[PDB]
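J.: One-letter residues, chain by chain:
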Amino acid sequence: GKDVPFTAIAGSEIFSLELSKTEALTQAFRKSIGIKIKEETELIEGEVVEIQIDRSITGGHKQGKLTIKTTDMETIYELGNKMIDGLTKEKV
Amino acid sequence: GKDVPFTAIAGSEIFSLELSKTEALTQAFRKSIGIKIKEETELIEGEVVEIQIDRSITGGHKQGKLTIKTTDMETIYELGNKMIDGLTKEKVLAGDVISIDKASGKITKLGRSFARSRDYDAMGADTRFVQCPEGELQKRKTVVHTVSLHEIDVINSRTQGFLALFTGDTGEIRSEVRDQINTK
Amino acid sequence: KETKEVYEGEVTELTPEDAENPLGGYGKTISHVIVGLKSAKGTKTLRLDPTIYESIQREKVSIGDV
Amino acid sequence: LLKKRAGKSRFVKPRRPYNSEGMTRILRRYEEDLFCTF
Amino acid sequence: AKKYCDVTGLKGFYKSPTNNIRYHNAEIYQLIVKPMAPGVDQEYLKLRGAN
Amino acid sequence: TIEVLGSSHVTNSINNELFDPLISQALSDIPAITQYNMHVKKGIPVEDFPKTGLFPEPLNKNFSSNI
Amino acid sequence: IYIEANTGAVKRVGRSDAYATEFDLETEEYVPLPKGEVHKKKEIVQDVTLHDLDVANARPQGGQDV
Amino acid sequence: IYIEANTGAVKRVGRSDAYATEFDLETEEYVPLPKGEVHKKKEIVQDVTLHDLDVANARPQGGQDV
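Residue numbers (the UniProt record's numbering), protein chains in the order written: chain S, 93 to 184; chain Y, 93 to 276; chain E, 134 to 199; chain W, 268 to 277, 293 to 320; chain H, 112 to 162; chain R, 1220 to 1286; chain B, 200 to 265; chain X, 200 to 265.
Calculated from the structure, these hints are not laboratory results.
No residue lacks a Cβ here, since even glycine has one placed at the ideal position from N, Cα and C.
Please note that the accuracy of each hint is not assured.
In silico SDA-like cross-links for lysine to any residue, where the CA-CA straight-line distance does not exceed 20 Å [claimed, not checked]:
hint: 1; chain 1: Y; residue 1: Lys123; chain 2: Y; residue 2: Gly93
hint: 2; chain 1: Y; residue 1: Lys194; chain 2: B; residue 2: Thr220
hint: 3; chain 1: Y; residue 1: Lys276; chain 2: R; residue 2: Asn1281
hint: 4; chain 1: Y; residue 1: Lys198; chain 2: R; residue 2: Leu1278
Some chain E residues close to chain Y (C-beta under 8 Å, calculated; not the full set) [what the hints assert, rightly or not]:
hint: 5; residue: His165
hint: 6; residue: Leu179
hint: 7; residue: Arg180
hint: 8; residue: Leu181
hint: 9; residue: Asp182
One chain only, chain S, in its complex shape:
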């Protein structure tokens, strides 16, 4: 199955020019033992209804409103300056 390391090499694959034979065998040995780490993260996955951007002449202070929703809820977010920069880049 998946998630379990399986390193299938040939016998002629370790005669390298930049690595010794024992070093290549050590790398092939250590490619087959894995560490399983579980972690948790939080995400906002949604559908953008409306983006409102207020900009100044010199670009000093930016204001932002984001109406965003799922098929279940609906909300409006006030946005800080770095979120304005991160939404202008990779244009949503």
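On the provided structure of chain S, position chains Y, E, W, H, R, B and X as indicated by the hints.
T.: Below, chains Y, E, W, H, R, B and X without anything else, positioned relative to chain S:
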């Protein structure tokens, strides 16, 4: 005769620590095919009148104007970075007679015609006297020159291939370069 | 074999002489640079290009140096 | 007037702009040289 | 100032765009915040004085 | 791109390594009007400038791009 | 000019022919104004091998980073 | 923040939860206040082989960042 390449090598030159035998033999094969390329160029011969050179504070961005003359016309040209670099080497001093090749970018000081009295203690253009040229300032000429196929691959191989043409540091050029050079 | 024409010695004066009609939007437009040199049994004042003063400033040439 | 107008009626390229602002200048005339610096 | 849910008093993560009521999660929005009658939202906003 | 979910330190360090201002200033040049604003209007001397213009010149104008 | 928004690479086409032509000294070529709008989306059909992708990801060139 | 007195290393963890409501959406990660005291002291024992001290001084390219 000239303009036909003749690559004469010995048998023991193939074995190297940087190139393979097949790559060295491929370079020896490709050094023996010449490409004769025809180009169009413009020659300008005239007395220098005015040189204005505008540079930045750090000396990076350089631009300027050059007012040149002959006995019949008067032309003001705009200068690039390489042309100002050519003018700064072997300095021309507003009254000399020089030569300009547009395709080659060559600066050749033919001499001096103005014969100025006031001269600074340094510099000193004890350039041979020469008359001011007359007639047309700009003339067209078809020129031709030969390069080898191996020089084309080495130049198109990486960023600084013209240095690798002399240092020989052209290690294992890929096949895609050779296919594209053959197509071109 | 080669021939070298040199001027060497201790600097006596270093004056960038201004022009008669300076151009607007600029500062201290130079017409020439007067440098005086002194060595063993000989002194001589020179008359230079406007360009070399940039090299004098880049090479940090003060008074009293050789 | 309309019937007469309908029946009877119906250079050197400029140089590139040269912008040299905040930049030094070297002038080489016939008689004297300049070095405008900052 | 901290933001709290107007219906339950818990931590308010979202605010509805129509009546400007902070709510906690999805089913609070479906059962209370969406089908509420007019005139009730102003009384909900009266507690924090936001009308 | 290397991504680590739930940390801004990795993003800040990656953006520092990819866009190191000393190296990126060394491989480019300052505009001339900007240099005039530093030297004359602000009193900064010439030698206090960051080092610029270390990029090697291409062979032609045609060799400067892949397009 | 010609700015490709995928990688940030810029191609300098040359001087516009709206201005003068023969007053240059740097063997440049002259190109008219491009047809259509400034912002464009176009479809280019490309042929490639897997080895090209392998050597592109092995030695990364093409980005605007260090 | 995190400041080590003997080495001078400075590490930033992130903004605090007291400033988590200045905006509805921000890119900053929010961490709680540390429960213990600000000042901590600890006795440690370091084991280093001679090859470590040899390889720490025989770097041909130079030193590396943290």
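J.: Was the hint right that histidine 165(E) lines chain Y, CB cutoff 8 Å?
T.: With Cβ-Cβ at 7 Å, under 8 Å, it holds.
J.: Mind checking the alpha carbons of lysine 198(Y) and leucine 1278(R) for me, to see if they're no more than 20 Å apart?
T.: Distance ~16 Å between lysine 198(Y) and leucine 1278(R) Cα, so the pair holds.
J.: Does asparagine 1281(R) sit within 20 Å of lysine 276(Y), going by the straight-line distance between their CA atoms?
T.: holds, 15 Å
J.: For the hint on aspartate 182(E), does the least C-beta distance to chain Y fall short of 8 Å?
T.: holds, 6 Å
J.: Does the alpha-carbon distance linking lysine 123(Y) and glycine 93(Y) stay inside the 20 Å limit?
T.: Roughly 17 Å separates the two Cα atoms, so the pair holds.
J.: Min Cβ distance, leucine 181(E) to chain Y: is it shorter than 8 Å?
T.: holds, 6 Å
J.: Quick one, are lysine 194(Y) and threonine 220(B) close enough, alpha carbons at most 20 Å?
T.: Holds, because 14 Å separates the two Cα atoms, which is no more than 20 Å.
J.: Would the hint on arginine 180(E) stand, with a C-beta cut-off of 8 Å toward chain Y?
T.: Holds, because the Cβ-Cβ distance from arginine 180(E) to chain Y comes to roughly 5 Å (cut-off 8 Å).
J.: Would the hint on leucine 179(E) be counted as holding, given a Cβ-Cβ threshold of 8 Å to chain Y?
T.: Holds, because the Cβ-Cβ distance from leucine 179(E) to chain Y comes to roughly 5 Å (cut-off 8 Å).
Of the numbered hints given earlier, the model fails none.
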